[PDB]
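Listed here are the chains, written in short residue letters.
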Amino acid sequence: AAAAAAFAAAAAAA
Amino acid sequence: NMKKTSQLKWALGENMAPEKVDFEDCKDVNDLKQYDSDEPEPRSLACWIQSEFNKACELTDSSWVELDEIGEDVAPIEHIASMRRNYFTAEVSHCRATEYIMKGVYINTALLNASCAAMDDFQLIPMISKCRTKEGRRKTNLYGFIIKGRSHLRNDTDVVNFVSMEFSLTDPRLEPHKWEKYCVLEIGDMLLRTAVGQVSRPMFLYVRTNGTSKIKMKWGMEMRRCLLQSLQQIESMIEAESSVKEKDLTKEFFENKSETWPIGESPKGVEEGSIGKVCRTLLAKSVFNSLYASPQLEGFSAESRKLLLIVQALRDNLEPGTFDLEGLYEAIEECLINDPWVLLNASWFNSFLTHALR
Amino acid sequence: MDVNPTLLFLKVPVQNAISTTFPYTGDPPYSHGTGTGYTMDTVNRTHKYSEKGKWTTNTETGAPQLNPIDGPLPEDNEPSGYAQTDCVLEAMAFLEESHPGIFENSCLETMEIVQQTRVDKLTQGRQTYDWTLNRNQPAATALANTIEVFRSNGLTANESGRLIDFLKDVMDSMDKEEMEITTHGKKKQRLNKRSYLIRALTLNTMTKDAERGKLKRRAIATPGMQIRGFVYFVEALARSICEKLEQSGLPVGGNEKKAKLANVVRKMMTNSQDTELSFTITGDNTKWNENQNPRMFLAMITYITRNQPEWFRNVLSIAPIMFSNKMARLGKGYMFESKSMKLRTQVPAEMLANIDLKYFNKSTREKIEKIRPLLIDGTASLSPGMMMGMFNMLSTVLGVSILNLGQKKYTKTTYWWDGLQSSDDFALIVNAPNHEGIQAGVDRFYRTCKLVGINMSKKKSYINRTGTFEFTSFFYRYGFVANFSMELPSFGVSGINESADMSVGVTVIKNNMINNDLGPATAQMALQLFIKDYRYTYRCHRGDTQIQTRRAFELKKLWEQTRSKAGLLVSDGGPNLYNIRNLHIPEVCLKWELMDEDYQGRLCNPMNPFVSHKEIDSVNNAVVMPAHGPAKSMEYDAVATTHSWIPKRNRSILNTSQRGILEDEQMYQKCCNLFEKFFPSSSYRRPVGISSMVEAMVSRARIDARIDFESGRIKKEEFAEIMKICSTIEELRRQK
Amino acid sequence: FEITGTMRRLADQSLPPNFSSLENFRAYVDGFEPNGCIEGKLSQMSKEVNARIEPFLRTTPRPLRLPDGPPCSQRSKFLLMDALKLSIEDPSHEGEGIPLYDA
Amino acid sequence: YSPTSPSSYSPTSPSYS
Amino acid sequence: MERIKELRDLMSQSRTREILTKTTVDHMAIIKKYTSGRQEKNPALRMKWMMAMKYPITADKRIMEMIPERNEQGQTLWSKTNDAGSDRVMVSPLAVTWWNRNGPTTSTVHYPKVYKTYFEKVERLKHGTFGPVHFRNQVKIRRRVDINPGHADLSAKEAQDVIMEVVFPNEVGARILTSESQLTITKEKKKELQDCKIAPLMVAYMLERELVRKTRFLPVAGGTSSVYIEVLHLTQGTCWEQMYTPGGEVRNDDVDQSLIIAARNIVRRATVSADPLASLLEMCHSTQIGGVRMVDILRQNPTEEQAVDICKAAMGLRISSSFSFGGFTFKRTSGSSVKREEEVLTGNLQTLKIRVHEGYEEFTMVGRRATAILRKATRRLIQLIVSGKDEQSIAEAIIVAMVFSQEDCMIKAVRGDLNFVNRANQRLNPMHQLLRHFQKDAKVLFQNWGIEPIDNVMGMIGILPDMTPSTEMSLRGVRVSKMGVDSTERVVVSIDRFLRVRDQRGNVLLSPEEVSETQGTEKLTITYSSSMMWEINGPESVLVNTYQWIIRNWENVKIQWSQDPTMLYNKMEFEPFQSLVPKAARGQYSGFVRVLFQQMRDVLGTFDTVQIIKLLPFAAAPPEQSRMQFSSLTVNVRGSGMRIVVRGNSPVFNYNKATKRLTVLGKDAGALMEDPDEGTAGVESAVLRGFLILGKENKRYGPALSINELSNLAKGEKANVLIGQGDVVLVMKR
RNA sequence: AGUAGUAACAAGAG
RNA sequence: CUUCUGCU
Ligand SMILES: *O[C@H]1[C@@H](OC)[C@H](n2cnc3c(=O)[nH]c(N)nc32)O[C@@H]1COP(=O)(O)OP(=O)(O)OP(=O)(O)OC[C@H]1O[C@@H]([n+]2cn(C)c3c(=O)[nH]c(N)nc32)[C@H](O)[C@@H]1O
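Chains as they are written, first to last, in the working numbering: chain S, 524 to 537; chain Z, 34 to 391; chain Y, 262 to 997; chain G, 44 to 146; chain R, 198 to 214; chain E, 197 to 930.
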C-alpha cells in the first residue's frame, strides 16, 4: 500500500 | 597638431623635469635635497565663489542633456517613471550646472583621447558644446581652445599640461585675486546686443597654463554621475511624501509648488525654494564637488558629516554628548586650507549652525 | 539670495539626506610617490605607543623587539598598547562561559578545515610578497616560486597537495642552514639561515590608493607566502567563532550583514527594561592596528585551543609567533632633486640605514633618526602592533569579548552594555537607571578596553539617546537608511569587456533599485546616462548617427546590411531596448527574437577567435571595488559572444630583467592549454594525479586513439600515425 | 605538527615579558581561571583615564575658523560664470560634427 | 512642462546683432 | 589528431619538455594560474584609456587566417604583434565589428537550449501580466530568497552528477547516477545537446546555473519565489507596488506555501473580528495569490493546514483535518490539546521557547515510506507503532515521532554544534532545527531515549537503539508492525460563527487556537483588493499602515474621540492591529487605554495628540478592568515582543518634534498638523491610570517610588514616581 | 611655469 | 640614434 507523505523537508539518517 | 614653438614649449613645460640619474652619480652635489613636502599655503574665502555658485543654480534656455531614448514603456510603473522623469529632465536640463557638466565632460573626454593618441605632439582642442534653444533650433557654442602637451602618462597620478584660452567679457583688474593664475588679453570689441540696442563690451581672453592627471581626466569624463546623485535624492524626497499621502506627488511638488524647502539665505532671512530649486541646487553642489574635488574636500566632508550628525541628534532632542568636541573641531579645521570650494562649504556650515540653533 | 544647500538640513533629517554629504562624484585622493615615509611613520608611531615596554634582541634575526604586554597601566587618554594578558584571558573565559562550547565547536570545524585544505587555496587573493624576488607578485606566482625553491632545496613534502604539508615544509625551511634560489642570466644565489629568516618574516609595504574620507594618506602591508599559510587557518578559526557571536558583524556581508545588525540591535533594544535609560555610543578606535599586539592573539589562540590536539594548537599558534617577529620592508625609498644642477635621483630604502641625514628635511630627518635603531638589512623590526593585520576576525572576536563583558551578570551593577563590533568600528548600547549610571558604564567600558589595549577614539566618537547611530558607514535612524552615494562609483562602464560591461551596468542599476533606494525615474535616467557613456567609451554609437569615430565605418556598414535594426546589439550600433521591465534579461537573449539569422550566427559563432574561457571560477564573474571595503566578486549574466573578448595585457615587464618570468608564464600556458585538449574537464573540475603531465596526456591519447579506432571515428593509417607519435614522445622523454 | 628548532626559539621569544618558554605559557593558560584580575586592574588604574561626556547644548558649537591668508583664486579647468560662448545658430555646413570645422 | 523659477547680453550666451 | 603533434613539438623544446616532465597533474592547478599580470585595481580608467590605443583587444592567433589585416577602408583590423604572455595576437575592435559584419556564420538553434536559464526569463516576461500600480507605505524586510530555484528533486551532488555526465561523459569518474530524475534529465540534456560545438565550459556553467539552487539575502516585500525575486526591482518599490504576474507555470509547492501563509494571516486577522466567519468569507473572496483568486484555488489545492482546512470549511468544501510535520502527514484521530510556550534548556546549553501542547492526543502519520499510529501526552510519547517499508524508513519515522513528542529526554539529547538562530540572527523554528539535527545524527537520541520490556503480542516487534529488532526489549513505547497500518479521506464539516469546525456528531475538529502563530513570508505574492489594502500584510506593515491611517484621518478621529469614543474604538481599521497584540493582554491593554483616554477627557486641557495617536489602536478590544499599571504595551512582531512605551518616544514608535513627524519601526508615518487646542501646559494626565503627571520632581513629596508601589496612595496626595526611561516625575492620585 | 600637496609629475629603460 | 613601455 505505497502512499505519499504530503509536505516534506527531511534528509536520510546515518 | 601645433608647431613646437618656444612659447608653447615654455607654457607646456617641456623639458622642465630634471634628468634622472642613479644616486651613485650625483650623491656629492651640494644642493641635493629631498623633494619639498611643505603644507599647502593657506588662503581666505572670497565672495566670487558664492557668486559663481549662485550663477550655477540659475535657469537657462540652452538645454545641455539630450538623453538617448529608452525602450518603450509598457508597465504602468514605467509610465509613471517616464512622467516623473519628464519633470526631472525639464528642471535639470535648463540648469547652468548642466552646462558645466556637458562642457567639462567633453573637455576631459577630448583631453584623454588626445593624450592616449598623440602622446608626443601638442594638440589644439576646441571647447565645443551643443545645446537646444527655446525655439528648438540646435545651436553649437565654442568657449575657446586648449593646447595639450606631452602626454607620457605612465602612472595614474602623472600630469599632462595644457594651455587653456577662454573668451570672456570681464575686467580681470575689477577682481584680480580671482584670476591670480590667468593672463587676460583684450582681443576684441564684441557687439553684444542687450535691449537698448547694442553694447560693445570688449572680449577678454583668459590664457592660463593648467594641468590635469589621468585619474582626474577619467573622473571628469564621468561627471554625468552628478545628475544621478541630485535626482536620486530629489526622488527620495518625493517618494517619501508620496508614501505618506499614498498619491503621486510629482505634479503637486513641481507645478503647484505646494511644498518648499529652505535652500538659501538673504537679508530678510532664510529663503525657501520649490522642489525645482532644490534639485538645481543639489545638482550644482554635486557638479562643484566634481570640478573642485580634492583631498581637503574629502576630509572636511567626513568631519563635517560627524558634526552634522551631532547637531541633528541635538535637534531631535536626543541629548547628544561628545567626548572631545575640540578634537572634532580641530579635525574639521585642519581640512580648510586652500580650496575655495571647501572654504565655501565651511562658510555654509557656519550659516547652517547659526540657523539650526535659533 | 545666497543659495546654501546645507540649509536643506533645517527641514530634512541629516540621515535621510546623508547621500548629499558624500563627495563621491569627485576623483578620490590618490597617493603620489613612495610609501617609505608613511611606513616609517607607522613604525615609529607603533613603537612610541608601546615605548614603556620591555626591549629585547632576537636570538635568531638579531633585531631589537619591543614587548609592551603587561606594561604600566595607561595614566592618560593617550593611545596605549600595554595590554594585560590576565585581562585578555579573563575576557576570553567570560566569552566562553556566556556561549558554552563556542571554542570547542569552532575548533572541531576549524580542525576539519585544516585536514581538507589544499595548497591551491593560497592562489586566492593577490599581491603577495615573493621573498624569492623581494617584490610583490600575484598569489599564484609567489606560491609557485616558493614551491619550486623548496623542491630544489630538498623540501619535497608539499607534493601531497595538503596545505598542512606545505606549512610543515615552511617549518623545515626555517630550520634549513642554507637556501638556494634562482635569479634571471639565470644566476644562483645562496641565502644564510639568518637572511632567509629575515626575508621570510618580511612584510612589504605600499600606500592605500583611492581611499575616501581621509585627508592624510596611510600605508598598508602585504605578507609573504610563508605567513599566508598559517594566517588562513587562523582566519578560518576566527570566522568559525565569529559566526556564533551575535555582536560580531564581520563574517557576514551585504544585505545579510544589514539584516544581522538590524535584528541584533532590535533585540538589544527590546530586552532592555522599560525603567532603564538607554544611550548609544558611536565611534571608531584610534590606532587600532598599531596597538593590537600579536602576543595577545597568541594568548587568545592558546586559550581557544584548550584541550585540542597539540598539532592543532601548534599550527594555529604559528601565525601569531611569526607576526610577533615580523619585519616591515620600508619600500620604494626616497627621491632627491638638485635645482642648481637640475637633476633627479632615487635612493632605495636599503640605503637609508647608511645615508647621510643632511639630504632630508626636518620631518623626514627625525623619522629616519627615530627608525635607525630598528633598521635591519633594509627592513625595520616591527614586533609591537599589527601593521595592516589580516586578523580582522580575531580582533573582532576580542572586541566582541569586551562587549560581551558588559552583561548585568558581569558588571554586577545597575548599568550594563552590549552592542556591535566589526574590525575597529563599534556601536555600543548602554542601559542604566540614570545619567550617572550611563557615565559610570561608559567609563568602565573605556577603561576595560584600555585594559585589553583597545582604545575608543574620543576625537571621532559621540554618545546620544538610543535609536540613532552609525556603524561601518551604515546610518541607523530607527532602521538602516538606504545611502545611495556610496554606490555611485559602481555606476558607469565597469570596464571588463564590451559584453560584460552592458550586463554589469544593467545589473548594477537593478541591484541599486532593489537595495540602495533608486527611484524608477532615476533608474530610467541612469540607464540613459549609462548607455550614452557606454557608447562614447566603446565607440559603439548607433549606425544611423553622423558621429565620426575610427570604428564608425564598420558599424555603418553593419547597420546598412542588417534588415532588422532593432535586433543589433548596442555594441554593434543597435538601438537600446532596455527599461525597468527587462533590466534582468541579458541583451543577447533580449534581442534574440529580433536578430537577423545571419548576424545572429556570426555574433554567437563558437569558433570566433575573440572568446576565451579560463577556469570556471573566472567565468561570468568580475572583481568590483566599491567606495568603501575591499574588492568583491560580482556575478553577471552574459552570453558567450564575440564581444566577450579580453583586453590587452601590460607589457612593461617586457623591457626589464624579469621579462623571463612572463616568458615562463607563456610556456606554462602553452602546456596547460594543451592539457585542456586532452582532458576537457580540466577547467570545470581540478584534475588530480601524481603522474607527470606528459605521461597522463600520452596515456589519454593512446586510449582515445583506440576508442576512436574501435568506434571508427579514425582510420587505420591515422591510428598508426598516432601511436608512432606517442612512442616517439615516450622516447623523447627518456632521451632527455 | 611539531614546533622545533628555529620556530621553537621564535615561539619562546614571542611571549609576555614574565614568560620565557612556549610550553610554560601554554600550561599557564590551560590552568588559567578568572579571579577578578579586571576588577583589580581597573581599581589600580588611574582615575584620570575616563570618557567624561561633555553635554552638547545649543550654545556649545561655535562657527568654523576659516584661514586668514590671502583671498582664494579660481582653480577650475575652465571658466564657469565668466565664460563667453561664440555659437552658430544652426549647423548646416559641410563637415558638421568635426570640432575644428565648428570652431 | 516648462522648468520655471521666480529667480540683454549675458556674458555667457549673448547676441551679436 | 593534431593535439599529439603539438605535444610532440612541445616535447622537442628543452624548457617545455622539462616543464611537462617535472610538473605533475597535481602541480598543474598551481602553475595553471602562474601569471605576471596583476589584477587591475581600477578597471574603468584602464578600459577608457586602452580604447583609445590602436589595438586594445587580444584575439586567438588563428584570426590571422580568418580576418584580413585591413578592411576596404585601409584600417588595420589586427597586428602581427604577439600579446605579452600568450600566443594571442593584438587586434582592434574593428576586427570584432568586421567579424559581426561579414564573418563565418553558423546555425544557432543550440543556444536557446543551452542558455535556457536566460531565455526562460524572456519567455516568462513576454507572457507576464501587469496590474495597477498602488502607492503604499512599503516595508521591505531583509531575508534569504531564491535567485535560481534549480531542480527541486536534485541536490548539489545530484546536479553535479548530471552535469558531469552530460558535458564530460568520459571524465565522470567513479560516480554513478542513482535516481529516475537524474536519468531523465541526463537523457533530455543529451538529446538536446546533440552536435553542440559550444565550449563545454559554458555548457557546464549554464547547466550549473539551471540546476544548482542559489539563494541570496534581499530586502523583499512580496513573494520570495525566484519568478518574483528576479523582477523584484520592477514589482516592489520604496513607495509603490506594481501588480505583476510572471508568465509560465508556477511550482505547486510555491502555490501551496503561499496559500498556507495567506490562510494563516486571514484566520489570524478574522479571529479578532466581531463576525469571524463573515470576515473570513469576505477576505477569502477578495484575496488573490499570484494573480489567482484564493476562492478558486482552495477548491483545487488540498494543502492540508490548520488554517487552509478552516478556510475550506468556511467555503463549504470537505476538509482533511491533517497537518504535515517533518514529511509526515499527521491526522488527529482522537483527543485535543492546547498550545503554550515553555522555556527549555537543550543538551548543548541552548535555551529555547517551544510551543508545548497540553493534553492527551492520538495521531495517524502517513509517509512516502512509512505509516505509524502515535499516542502522545504533554511532552511525553505514550505509544508509537511504526509500519515502515525499510529499516531506514523506520528510523526516519521514529525520529520524527520522538521530535514531535517534545520529550525532555530528547531535548537533553541535543549535542554538538546546533544553532537556533541563522547567520542573520533570525529565530528559526526549534522543532525543525531539532528534526534536522536528529536526522543528521540519531545515535545519541536513541541511546538516551530509554528501553522498556516488551509484552509479547502477535505482529508487534520491538526495536532497539542499534536499530536491530528484538522481541524482549524495545525503545520506550515503540513497536514495529510487519502487517501494515491503514487511508486518506475528506470529511464534510460544519463551521460556526466563531470558526469552530465541528463534525457531524458535533465534536470540534478545528479551532483558530491551533493555527500556527509564526508570521512567515509567501513564495508567491499575495494581493488584497479591499479598502483596507493592508489587512493581511505582515506585522511591520500592519503597524505602519495603522498609524498612517490614524494620522491621515486625524481631523475626523479627533472629533470622534472627543465626542463618541465608544463607537470609534469599534472601527474596523483597528482590527488588524489587534491581531498583533497578545491574546492574554488584549483586554488589559484595552481597559487601561480606555480609562486613560477617559481621564484625559475629564481633565480640561492636557490634550496630547501624540499620546492619542500612539494609544488609539490598543483601545479597540473589549475592556477588562484591572488595577494594573502598564509602563509599555507589547505587540508581537515576527516572534518578538515589541514594547510601545506609554510615555515618551521609543524606536518602535517615535514622534520627531523638530519636523513634527511620526516614525513607526523606522518608517515615516506622517506629519501632525499644528493644533491650537493641544495646550499641554506641562501636565500630561495620560501616563498612569487614575494619576496625573504634574511635572518635574522637587525632592519634597518623596525620594522616589515604583509604578506598582504608587498604588499605596489613597487620594489627593502628591509623590514622586520613577516612570519611563529613568525620568522621575511628580504625580497626584486624583 | 604648472599640476599638486607631507611627494610626485613636469617621460622612462635600454 | 634606434628599440621597447604608459599599473610592474
Ligand atoms: O514552510 C512552512 C510552511 O509554509 C507556511 C510549510 N508547510 C506546511 N505545510 C505545507 C504544505 O503542506 N505544503 C508546503 N509546500 N509547505 C507546507 O512548512 C513550514 C512550516 O513552517 P513554520 O510555520 O515554522 O512551521 P509551523 O507551521 O509554525 O509549525 P511546525 O513546527 O511546522 O508544526 C506544524 C504543525 O504541527 C503542530 N504541532 C507540533 N507539535 C509538536 C504538535 C503537537 O505536539 N501536538 C499537536 N496537536 N500539534 C503539534 C504545530 O503546532 C503546527 O500546527
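Hints are computed from structural coordinates only; laboratory data are not their basis. It cannot be assumed that every hint is accurate.
[What the hints assert, rightly or not] Calculated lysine-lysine pairs in the DSS-like style (CA-CA distance at most 30 angstroms, straight line):
{"#": "1", "chain 1": "E", "residue 1": "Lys-218", "chain 2": "Y", "residue 2": "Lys-447"}
{"#": "2", "chain 1": "Y", "residue 1": "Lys-315", "chain 2": "G", "residue 2": "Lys-90"}
{"#": "3", "chain 1": "Y", "residue 1": "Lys-720", "chain 2": "G", "residue 2": "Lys-90"}
{"#": "4", "chain 1": "Y", "residue 1": "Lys-272", "chain 2": "Z", "residue 2": "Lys-88"}
{"#": "5", "chain 1": "E", "residue 1": "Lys-410", "chain 2": "E", "residue 2": "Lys-393"}
{"#": "6", "chain 1": "Z", "residue 1": "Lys-88", "chain 2": "Z", "residue 2": "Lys-172"}
{"#": "7", "chain 1": "Y", "residue 1": "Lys-315", "chain 2": "Z", "residue 2": "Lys-53"}
{"#": "8", "chain 1": "Y", "residue 1": "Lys-437", "chain 2": "E", "residue 2": "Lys-218"}
{"#": "9", "chain 1": "E", "residue 1": "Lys-309", "chain 2": "Y", "residue 2": "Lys-826"}
{"#": "10", "chain 1": "E", "residue 1": "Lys-237", "chain 2": "Y", "residue 2": "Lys-909"}
{"#": "11", "chain 1": "E", "residue 1": "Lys-410", "chain 2": "Y", "residue 2": "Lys-909"}
{"#": "12", "chain 1": "Y", "residue 1": "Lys-437", "chain 2": "Y", "residue 2": "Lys-449"}
{"#": "13", "chain 1": "Z", "residue 1": "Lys-88", "chain 2": "Z", "residue 2": "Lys-36"}
[To be verified] Here are the simulated distance ranges between beta carbons:
{"#": "14", "chain 1": "E", "residue 1": "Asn-752", "chain 2": "Z", "residue 2": "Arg-171", "range": "20 to 30 angstroms"}
{"#": "15", "chain 1": "Z", "residue 1": "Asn-188", "chain 2": "Y", "residue 2": "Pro-570", "range": "42 to 52 angstroms"}
{"#": "16", "chain 1": "Z", "residue 1": "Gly-46", "chain 2": "Y", "residue 2": "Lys-447", "range": "35 to 45 angstroms"}
{"#": "17", "chain 1": "Y", "residue 1": "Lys-477", "chain 2": "Z", "residue 2": "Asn-188", "range": "46 to 56 angstroms"}
{"#": "18", "chain 1": "E", "residue 1": "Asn-752", "chain 2": "G", "residue 2": "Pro-98", "range": "55 to 65 angstroms"}
{"#": "19", "chain 1": "E", "residue 1": "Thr-380", "chain 2": "Y", "residue 2": "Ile-964", "range": "46 to 56 angstroms"}
{"#": "20", "chain 1": "Y", "residue 1": "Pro-570", "chain 2": "E", "residue 2": "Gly-646", "range": "52 to 62 angstroms"}
{"#": "21", "chain 1": "E", "residue 1": "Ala-370", "chain 2": "Z", "residue 2": "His-185", "range": "37 to 47 angstroms"}
{"#": "22", "chain 1": "E", "residue 1": "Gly-543", "chain 2": "Y", "residue 2": "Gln-919", "range": "30 to 40 angstroms"}
{"#": "23", "chain 1": "Z", "residue 1": "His-185", "chain 2": "Y", "residue 2": "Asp-617", "range": "27 to 37 angstroms"}
{"#": "24", "chain 1": "E", "residue 1": "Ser-530", "chain 2": "Y", "residue 2": "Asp-878", "range": "53 to 63 angstroms"}
Ideal Cβ placement from N, Cα and C applies to all residues, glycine included.
Holds or violated: 52 to 62 angstroms for the Cβ distance of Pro-570 (chain Y) and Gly-646 (chain E)?
35 angstroms, violated
Original post:
Taking 30 angstroms as the top limit, are the C-alpha atoms of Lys-272 (chain Y) and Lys-88 (chain Z) close enough?
Top reply: OK: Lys-272 (chain Y) and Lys-88 (chain Z) at ~24 angstroms, within 30 angstroms.
Is it true that the C-beta distance of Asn-188 (chain Z) to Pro-570 (chain Y) lies inside 42 to 52 angstroms, as the hint says? 51 angstroms, holds
Hey, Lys-437 (chain Y) versus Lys-218 (chain E), does the alpha-carbon distance stay inside 30 angstroms? Distance ~24 angstroms between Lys-437 (chain Y) and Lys-218 (chain E) Cα, so the pair holds.
Do the Cβ positions of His-185 (chain Z) and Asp-617 (chain Y) conform to the proposed distance bound of 27 to 37 angstroms? 33 angstroms, holds
* Asked: Given the hinted pair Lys-237 (chain E) and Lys-909 (chain Y), is their alpha-carbon gap at most 30 angstroms?
  -> 15 angstroms, holds
Given the hinted pair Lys-315 (chain Y) and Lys-90 (chain G), is their Cα-Cα distance within 30 angstroms? Holds, because 25 angstroms separates the two Cα atoms, which is no more than 30 angstroms.
Going straight from one Cα to the other, do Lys-315 (chain Y) and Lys-53 (chain Z) come out at no more than 30 angstroms?
45 angstroms, violated
Next item on the list: Return holds or violated for the Cβ distance of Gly-543 (chain E) and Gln-919 (chain Y) against the range 30 to 40 angstroms.
Entry: 60 angstroms, violated
Worksheet item: Is the Cα-Cα distance between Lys-88 (chain Z) and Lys-36 (chain Z) 30 angstroms or less?
Response: Since the Cα atoms of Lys-88 (chain Z) and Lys-36 (chain Z) sit roughly 38 angstroms apart, the hinted pair is violated (cutoff 30 angstroms).
*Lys-410 (chain E) and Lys-909 (chain Y): Cα distance at most 30 angstroms?*
The hint is violated at about 34 angstroms.
Can you tell me whether the CB distance of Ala-370 (chain E) to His-185 (chain Z) sits inside 37 to 47 angstroms? Violated, since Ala-370 (chain E) and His-185 (chain Z) (Cβ atoms, about 59 angstroms apart) do not stay within the stated range.
Hint compliance for this structure: hints 7, 11, 13, 14, 17, 18, 19, 20, 21 and 22 are broken, all remaining hints hold.
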